[PDB]
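**Q** Model the full assembly from the supplied sequences, consistent with the hints where possible.
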Amino acid sequence: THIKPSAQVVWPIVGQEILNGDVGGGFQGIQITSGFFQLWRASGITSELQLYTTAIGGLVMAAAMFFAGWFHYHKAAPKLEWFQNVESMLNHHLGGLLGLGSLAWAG
Amino acid sequence: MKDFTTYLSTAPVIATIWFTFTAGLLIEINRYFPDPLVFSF
Amino acid sequence: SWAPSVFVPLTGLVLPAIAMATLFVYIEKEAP
Amino acid sequence: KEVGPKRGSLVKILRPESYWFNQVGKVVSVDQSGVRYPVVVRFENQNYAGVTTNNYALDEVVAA
Amino acid sequence: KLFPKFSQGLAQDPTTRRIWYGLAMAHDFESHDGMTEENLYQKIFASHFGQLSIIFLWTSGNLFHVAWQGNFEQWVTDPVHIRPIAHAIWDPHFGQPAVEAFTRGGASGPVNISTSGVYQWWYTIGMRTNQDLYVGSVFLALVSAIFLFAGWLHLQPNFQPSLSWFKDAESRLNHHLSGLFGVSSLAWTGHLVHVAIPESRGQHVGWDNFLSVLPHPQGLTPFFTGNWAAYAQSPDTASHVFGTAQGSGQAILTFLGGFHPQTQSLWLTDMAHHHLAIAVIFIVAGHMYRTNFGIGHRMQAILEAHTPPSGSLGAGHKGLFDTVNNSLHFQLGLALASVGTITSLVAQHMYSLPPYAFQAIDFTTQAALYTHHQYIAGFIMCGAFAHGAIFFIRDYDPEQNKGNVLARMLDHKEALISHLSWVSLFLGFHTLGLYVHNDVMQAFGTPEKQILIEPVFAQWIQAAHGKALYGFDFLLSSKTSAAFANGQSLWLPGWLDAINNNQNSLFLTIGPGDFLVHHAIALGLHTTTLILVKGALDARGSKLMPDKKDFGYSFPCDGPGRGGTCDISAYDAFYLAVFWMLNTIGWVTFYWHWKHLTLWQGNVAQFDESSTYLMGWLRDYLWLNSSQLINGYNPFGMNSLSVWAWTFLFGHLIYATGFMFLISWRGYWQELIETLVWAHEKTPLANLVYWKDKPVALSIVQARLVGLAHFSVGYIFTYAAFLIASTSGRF
Amino acid sequence: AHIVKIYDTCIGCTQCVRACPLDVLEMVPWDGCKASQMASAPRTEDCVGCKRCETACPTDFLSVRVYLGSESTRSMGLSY
Amino acid sequence: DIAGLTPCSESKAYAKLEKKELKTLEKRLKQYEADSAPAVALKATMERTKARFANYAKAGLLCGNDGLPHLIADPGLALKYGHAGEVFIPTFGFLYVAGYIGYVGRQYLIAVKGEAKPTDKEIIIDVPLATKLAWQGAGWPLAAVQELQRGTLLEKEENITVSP
Amino acid sequence: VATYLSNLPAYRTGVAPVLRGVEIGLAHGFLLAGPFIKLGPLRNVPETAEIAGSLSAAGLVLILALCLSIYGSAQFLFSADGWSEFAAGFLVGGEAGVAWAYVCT
Ligand code: CLA
Ligand code: CLA
Ligand code: CLA
Ligand code: CLA
Ligand code: CLA
Ligand code: CLA
Ligand SMILES: CC1=C(/C=C/C(C)=C/C=C/C(C)=C/C=C/C=C(C)/C=C/C=C(C)/C=C/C2=C(C)CCCC2(C)C)C(C)(C)CCC1
Ligand code: SF4
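Chains as they are written, first to last, in the deposited numbering: chain A, 109 to 215; chain J, 1 to 41; chain I, 73 to 104; chain E, 79 to 142; chain B, 4 to 734; chain C, 2 to 81; chain F, 63 to 226; chain L, 127 to 202, 223 to 251.
No wet-lab data here; the hints were simulated from the structure.
We put the beta carbon where it would ideally sit given N, CA and C, even for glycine.
Honestly, I wouldn't trust all of these hints.
Only some residues are given here: those of chain B computed to face chain I with a beta carbon under 7 angstroms [as the list claims (entries may be wrong)]:
hint, residue
1, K4
2, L5
3, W93
4, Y693
5, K695
Below 25 angstroms or equal to it, Euclidean Cα-Cα: the simulated DMTMM-like pairs (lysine to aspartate or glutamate) are [stated by the list, open to error]:
hint, chain 1, residue 1, chain 2, residue 2
6, E, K90, F, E177
7, E, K84, C, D32
8, I, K101, B, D696
9, F, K218, E, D109
10, E, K90, B, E417
11, F, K78, B, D623
12, B, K685, B, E674
13, B, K405, E, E95
14, C, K35, E, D137
15, E, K90, F, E217
16, L, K164, L, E241
17, F, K74, F, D63
18, B, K321, B, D211
Ranges of calculated distance between the beta carbons of each label pair, as one might list FRET restraints [stated by the list, open to error]:
hint, chain 1, residue 1, chain 2, residue 2, range
19, A, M169, B, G670, 42 to 50 angstroms
20, B, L656, F, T181, 45 to 53 angstroms
21, F, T181, B, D553, 28 to 36 angstroms
**A** The structure is reproduced here in structure tokens:
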């Protein structure tokens, strides 16, 4: 309630270190407004170790996505009538993406 | 990787390497020589 | 003293109403 | 005889309303008939319409 | 079918642009059907009579409304603590707080506070009573009616002039230098000496006693004798109360310099000697020319002999008299260039050297007059180049202009446009660079790292004119020089006591913000001439369109081909220059207004610290001085600035509406109007009502003109509401 | 009506006629080029001036040339 | 004192503005522990600030009534009064690099015009040719005046015009 | 609706344009008197609201009746004299309708 959420710190070179304002908590940085700290309290993070490890997991998952696009374009790319199965795409996206994803977030 | 070096020699890649070079030269200068308003000695 | 109460409605409501009429009738006249 | 420049000579354009005025292109063919604009010149410079070739007359044409 | 009587091709137009182009190419007399050059000159002569009659009717209306609904006689008694009155307000839409809010100046009904400066101009030329102003209004109404009779009678065939009478450039340039400028200035000195001087000394000289009241106590004997210095013996003292005889003085042609100490204005005595001297010089320059008497000089011989050899100017000025005399757009272009420059001269010299009594104490008058004549000068200077572009399409002949300066201009047109492009690009790069630099320094809390280049070159001119604030001690601020010493009795000490006063506008002290904004002004001038000179020289052709002269001056485009040709015409290059012109005059009037607001408030340091960076322009001038403007009306009530609070929004509304014609272009709107035509022709009981002109969208050139018109009208109305309210609210 | 003139720089490649959305243009016999044909504008009453003809002309400094003139109900392209 | 000015080491508005900035930094510093990471950066900002004021007063910059350094952009008032490092020395320190880039790009264009198709080596820059012209362009004013003395700097009226 | 449009006066071809303009005038008079008499500038006076709301309504009827004759001189029921009879019938009928609105207060 008295400490401003800050998650961007600048480098003190050309006088731009005035942007590292007194956000509180013994810390200087830019007061963020994207709401990540309230997400992280609502998720139960309580430590920057958990933030660092889900950042490493995000790099791993970004490499998984880049490898996936490389794979499904260059190595094993789906045919046209794979994409035209919109009933299966809707069953899997209502069931697996939206349904199982909110079941997992419920967990 | 000859085609990779021709890609590295395209216009935006040379632009973003040369502008980081001329940016991070002036930035290291303004770190080691703070605030040059006037030509001193 | 009655001039701004008379000349101003004539010049803005009456004489432009002539000008909205007579200068409009002149537009669509059939050329002989 | 074959009037006009030769089959592949460089040439300079003297048509003032052309896009390639005072600008150098290659003759690619000269038509040997009573055509008004026989000299066909191809350029590396394309114009605003994206065209690199044009016909020219004999007085609108000078070598090098 | 009938309304463009001048255009039979527009008369056959079934659409609704028949009306819009009947209104718009009505005064393009050269493109009329059946037009000859003689009927051209006759219609232009009648048109000039119409313009003169409108100017005189307008001035008579100013005089009559001041004499009738104004407080001029009350303003004469106290010209400092009484606001002038333009005209009374009869607005039936008012409420009672609006009626009670606009009653000021000592009147009874709602009134408008005049900012046109006409009380200060009339009070110094002898007007003291309202009866002096009704006579002026009746006289100018009679003269306006005489010019309406004249514009009617010189169209009648017994009085229609010949074709050869209008091409008498020799007799016209003789008579309009000697008679129209010299004799008129001599007569104005006769008004100053006989009427304005004794009324400034408190002696009434009207039409009853001007043959009986001597201007000078020994009059016309020193003029015939030779001792003209007797006309300058006793000037007005430094304790002179204006309009009375308290320490009056008796000279009529003095030569002092500086200002009257009460009115802070130029003395009427050396304004009389000014108009007398330039009357003599205009008469001497007007007996220079050879019309019908053998002696003088001829326009046909001077032009085609000033040719420098060895490839200096080519063939020089050979062949211009065939093209200046035959072209009207060339004459109109030179006339508009001269009038638009001497209008900027009027604007620059009426704030620093205020000629009228108790001007430059009325601050709102001064801001309005400067901004007025500067926008008048900007529009006239862009129209000079517009008609210079119309010249090259309609009037220019290369075979008649073989090798002269007017053909060498088109010969190296690319060098001209590329060097204007370089100067504009340099000025914008470095002016915006130094402003963004100072903004970044002010943002990081380090004001000392600013680029604050001192205006050395203009401080040197102020110190050479006698401003001892900078210590350059060059010519007039140096007490030992010869230009200082040889004028100590002639004209210098009043001028030196008027410059070194730091409370007038006579050579204001200047610093780095004035460096930056004079280079912003130079950016605006060079870019506006880039657009205008590029429109005038590419008016005949370019590599994108080598036959642009075949389409005329105003045309939309040449289609989507060759890459696309939006805004290719010379009209469309005047068009884009009006934006940069309004930009430039807005910069000069922002700078004038803010340096004078900080001068009038006292804190010139508040300008000098803030004008170096664009945030200081935004929040210390635009945000700060628009408080009492926008508080003209609020839910608490309203006051007398509410009419400027409304117009400030009204100008914001027209401006944005201009963008609707500027961003959205025609063809969206024709497709919308076709659906509206469908909806009207399928509606029950609206099928009965049908148009006579088929509704189409506004054409491309028309969309340009309407968007530019709304842009300019919203620009002028916004800044006029801001200027008048920002000055007259706190003052 | 608009003024549609053509010029002798025509190579007879009949692209203005195919580009014309109003059949203003047509190809006429001629002997000034290899194609033995030149365009014509017999039907300039139907021209709107949309200049698709001179987006398609290959000759430098276009052989077809539309000059925007008076506007009738056909030159304005009106269904009403 | 050239044009109503004063040395910044003499004027008191300059020292008052230094004390103003140090006062803002001091009241900003008073919130933190003396050895924490924000306090180190705030004291480093103070040290850079005081070094900046000392080196602006040392170089003889002219302050105004505002207490801010000014730049005399005229040789003969900068050379005579020792202000050539304000504008007159960087007006050639810039132009060396400006004509440097304008010569390197010029020679890269001219050395790529005479090829099979030049445009491919303008989107895909020939890096060894570019770095060769980058290094050997160091003496550009020399080569520029030696090129101007030929007439090989300009081109004659072989250039492209419209209708003079 | 083909049955309903055969009722209102602008489509009844077998009736005169005078009576057409009269019925259109009285059918628009007490309609257009409404927004002037219920919510105009002088509403909170129980003497002048019904007076000003009728005088402004009769003036607006006069504007529309002049504007009809302007349309009739522009365009040429569909005749130069039939539209003039329509305009005069609309003037009389619309002022009668505004007076009838002042009656039924
Ligand atoms: C045209 C307008 C303009 C001008 C004249 C300036 C001028 C200046 N600015 Mg400013 N600025 C501008 C626009 C401008 N700015 C804009 C638009 C912005 C907003 C983006 C800023 C933002 C800004 C900041 C934030 C700062 C400045 C600073 C400065 C100062 C430059 C100090 C510096 O970096 O030294 C550079 C000095 C050199 C000598 C560099 C030369 C490079 C080397 C030495 C030469 C080559 C050697 C060698 C051959 C290279 C090797 C090659 C390699 C391949 C091996 C100077 C007073 C700084 C300052 O101190 O303010 C006073 C600063 O902190 N400016
Ligand atoms: C190093 C690995 C690699 C290599 C050598 C190739 C090689 C090729 N790919 Mg392939 N590809 C790869 C990885 C790779 N791909 C991956 C990881 C993916 C998944 C994204 C794809 C998806 C893919 C598709 C869908 C297509 C290709 C195509 C191609 C061919 C031409 C590509 C081209 O012009 O590149 C030049 C292109 C780039 C360098 C793209 C840069 C854009 C990147 C991916 C994202 C930009 C990120 C950045 C942050 C955004 C900029 C904003 C900035 C201001 C911050 C070529 C055979 C194309 C093909 O075969 O055409 C017939 C084709 O359509 N590839
Ligand atoms: C239950 C199965 C399932 C799930 C979960 C998904 C999930 C997704 N599909 Mg999908 N799809 C499925 C089955 C499934 N699909 C089937 C059966 C078909 C064929 C009919 C398709 C065809 C299809 C197309 C054509 C496209 C997608 C796209 C997408 C993505 C939408 C973007 C989004 O919300 O990001 C949400 C992000 C996440 C949930 C992050 C988690 C990432 C997980 C691990 C990967 C998704 C699960 C994956 C299907 C499991 C396969 C693992 C692999 C090793 C085989 C999302 C990741 C779009 C896309 O973005 O492609 C990349 C797209 O263009 N799908
Ligand atoms: C000596 C004889 C004489 C005189 C006095 C005039 C007078 C005039 N002629 Mg003229 N004329 C003459 C002989 C003469 N003519 C002859 C012999 C010919 C045939 C060759 C012509 C052919 C002719 C044509 C073809 C035209 C005229 C026009 C005009 C009018 C100029 C319009 C204007 O405002 O400019 C006068 C301008 C000013 C007074 C202001 C500028 C003065 C200075 C430099 C500006 C700064 C000081 C300023 C006054 C301060 C203002 C303060 C305060 C008043 C606001 C004017 C009435 C034009 C006109 O309007 O038609 C009637 C026109 O088109 N004349
Ligand atoms: C001595 C002054 C003078 C004279 C005689 C002319 C004369 C001429 N000019 Mg020129 N011009 C001038 C000054 C002058 N100009 C200036 C100062 C400019 C710069 C603004 C221009 C810009 C200009 C252009 C760009 C063009 C001309 C054209 C013409 C010719 C046709 C006139 C025309 O179209 O009228 C009809 C004019 C109008 C109907 C004016 C439109 C209304 C304007 C936009 C004012 C709207 C403001 C609005 C009423 C404000 C109300 C506010 C509201 C809230 C109350 C004619 C030869 C045209 C020409 O020769 O065609 C080839 C042409 O294209 N002139
Ligand atoms: C704020 C609006 C604005 C601005 C900045 C400009 C700027 C300019 N106009 Mg103008 N113009 C405007 C509005 C504006 N105009 C409007 C409304 C119109 C009416 C349509 C015109 C019509 C017009 C015409 C008709 C002409 C111009 C010209 C010019 C140029 C003048 C030369 C100059 O000052 O160069 C200085 C450059 C600048 C001030 C802008 C550069 C900004 C920085 C320095 C660039 C680098 C920033 C950064 C590194 C980029 C990062 C981007 C990305 C990677 C994130 C310049 C580009 C003339 C021209 O082209 O001259 C050669 C010209 O002929 N303008
Ligand atoms: C487009 C065109 C045109 C127009 C143009 C223009 C518009 C121009 C402008 C121009 C201008 C606008 C100019 C100006 C000029 C100015 C000047 C030239 C100035 C001068 C001044 C001086 C010289 C001064 C001096 C002095 C000084 C320094 C100070 C002190 C005093 C003395 C006097 C000594 C025309 C029509 C022709 C046609 C062709 C083209
Ligand atoms: S214009 Fe172009 S297209 Fe039309 S005919 Fe001549 S060449 Fe063929």
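**Q** Look at each hint and say if it fits the structure.
**A** Against the structure, the hints:
no. : hint                                : verdict
1   : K4                                  : 5 angstroms, holds
2   : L5                                  : 4 angstroms, holds
3   : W93                                 : 4 angstroms, holds
4   : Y693                                : 12 angstroms, violated
5   : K695                                : 4 angstroms, holds
6   : E:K90 / F:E177                      : 20 angstroms, holds
7   : E:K84 / C:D32                       : 24 angstroms, holds
8   : I:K101 / B:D696                     : 11 angstroms, holds
9   : F:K218 / E:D109                     : 32 angstroms, violated
10  : E:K90 / B:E417                      : 21 angstroms, holds
11  : F:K78 / B:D623                      : 22 angstroms, holds
12  : B:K685 / B:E674                     : 17 angstroms, holds
13  : B:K405 / E:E95                      : 19 angstroms, holds
14  : C:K35 / E:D137                      : 19 angstroms, holds
15  : E:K90 / F:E217                      : 16 angstroms, holds
16  : L:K164 / L:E241                     : 18 angstroms, holds
17  : F:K74 / F:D63                       : 14 angstroms, holds
18  : B:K321 / B:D211                     : 57 angstroms, violated
19  : A:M169 / B:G670: 42 to 50 angstroms : 49 angstroms, holds
20  : B:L656 / F:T181: 45 to 53 angstroms : 50 angstroms, holds
21  : F:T181 / B:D553: 28 to 36 angstroms : 34 angstroms, holds
In this structure, the hints that do not hold are numbers 4, 9, 18, in rising order.
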